[PDB]
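Just the one chain here, laid out as structure tokens, in the form deposited in one PDB entry.
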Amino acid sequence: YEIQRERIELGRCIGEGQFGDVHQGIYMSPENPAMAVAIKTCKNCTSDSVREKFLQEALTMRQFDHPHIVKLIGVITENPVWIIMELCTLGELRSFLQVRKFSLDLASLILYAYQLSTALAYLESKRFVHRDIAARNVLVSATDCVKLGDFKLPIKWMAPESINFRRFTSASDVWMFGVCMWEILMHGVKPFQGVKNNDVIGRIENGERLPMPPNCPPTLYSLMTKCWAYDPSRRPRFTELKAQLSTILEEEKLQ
């Protein structure tokens, strides 16, 4: 998985990343003389601590093989340290949804939720807990294809047991996925705008939930509310979510 720097040509910056900017580029390989790729960079990769954390993402990504999870191409482990990955040409999902708010029909939004549920059912089958399921960590490969793109606390996405007890489980992932579905149906609007992080927990304990988005089918909001059962053991698993989203998707396509 180590790629020689000479085989990568760094191009345009396509966005921000947790550790540094993400660029598009060209990987000139023996198998493919000019492959479009994404190049994740790391500011302060001279820090042994930062670099370890940065490259752990590559180690994680390498374990997975799923059509809706971004693939690792390789790594450059000398300064400046880069992660080479599959290019999702349409960028971050949040941005994509905001710009294309009136071009995207409901069927596309439900498709995106379904596709993410297939990736999360796969991770669930490997007993991998993500911890940070949110629209900002989803990339758009094509108008009909999204992928899980990335591996202070995001309080507004977090399950109550995560907030209260620092407990992250497959159940808390389902809660977070519920919020992610809400973000998608809200065209990339953040949950709890105008609320301080400190008050969010009070509202969940009081029994408040994110409201039904405009034009959200009642079946889908019902599914979101199941994801937000306060008791973790009452929440669905991703296998059920995946099957239910498929049904809802076909219902919407039949419309």
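Throughout, rigid core stands for the largest set of C-alpha atoms superposing within 1.5 Å between the two forms. Residue numbers count along the first chain shown, from 1. Compared with the form deposited in another entry:
Of the residues checked (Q63, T219, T225, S47), the rigid-core alignment between these two forms shows a Cα shift of at least 2 Å for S47 alone. For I201, a C-alpha deviation below 2 angstroms is recorded between these two forms after rigid-core alignment. After superposition on the rigid core, the Cα atom of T77 is displaced by 2 Å or more between these two forms.
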Contents of the next structure:
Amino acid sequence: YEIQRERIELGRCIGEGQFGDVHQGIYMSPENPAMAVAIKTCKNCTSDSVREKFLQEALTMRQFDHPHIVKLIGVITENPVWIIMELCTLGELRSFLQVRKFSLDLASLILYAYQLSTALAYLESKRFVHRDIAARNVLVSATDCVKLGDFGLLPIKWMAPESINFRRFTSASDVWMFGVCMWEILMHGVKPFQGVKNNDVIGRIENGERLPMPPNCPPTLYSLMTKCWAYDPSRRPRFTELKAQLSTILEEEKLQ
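The block above covers the form deposited in one PDB entry; next, return the form deposited in another entry.
Shown below: the chain alone.
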């Protein structure tokens, strides 16, 4: 996975992760060429300690291969250390949904939910627990394609009650988080529990309260969300079940 630095043309800064800035760029391999890529940079990889955990995040992504998860292209392991990722040209999902609120059809929103469910069913089949499903971690590759962002790049308001209370994390706790992510998508990138203190979230959940039906959301889809938010994790659908139900909701919408 090692790439020669001279095969990367560093371009405009697009975002920023924990370790440092993220740039867009061009990767020239004798196989494409001129491939658009994202370049993750690291502040102070002069420090050898932060380089090891920075590069460990690339290894994380190496194990996955799915159309709706961003792909690792390679790494440049000498200073400055770079991780080369697939570029999702349209950027962060939340911003995308906010700017395009009155331009995106419902069919598109449901499509994004469905695509994410395929990625998450894949992760569930790999026995991989994500722990951080939220619209903030989704990228837009095309107007008809979203992808789970880099897993390297507490979220109480997204978390299942058993995660908040007892730090239990399972694929069923991921399902709860995905329910919240679906709500965010159908709300056009509004965050859940606005104006609510983190410490107050579990009290609301335990009171039976739930995020309300988004304006214009099909009741079948809202019903699906509420199934993700069963208090008892064993009562929540698996991601493969969500995928199947989202397929039908999408097909019905495409129809009207």
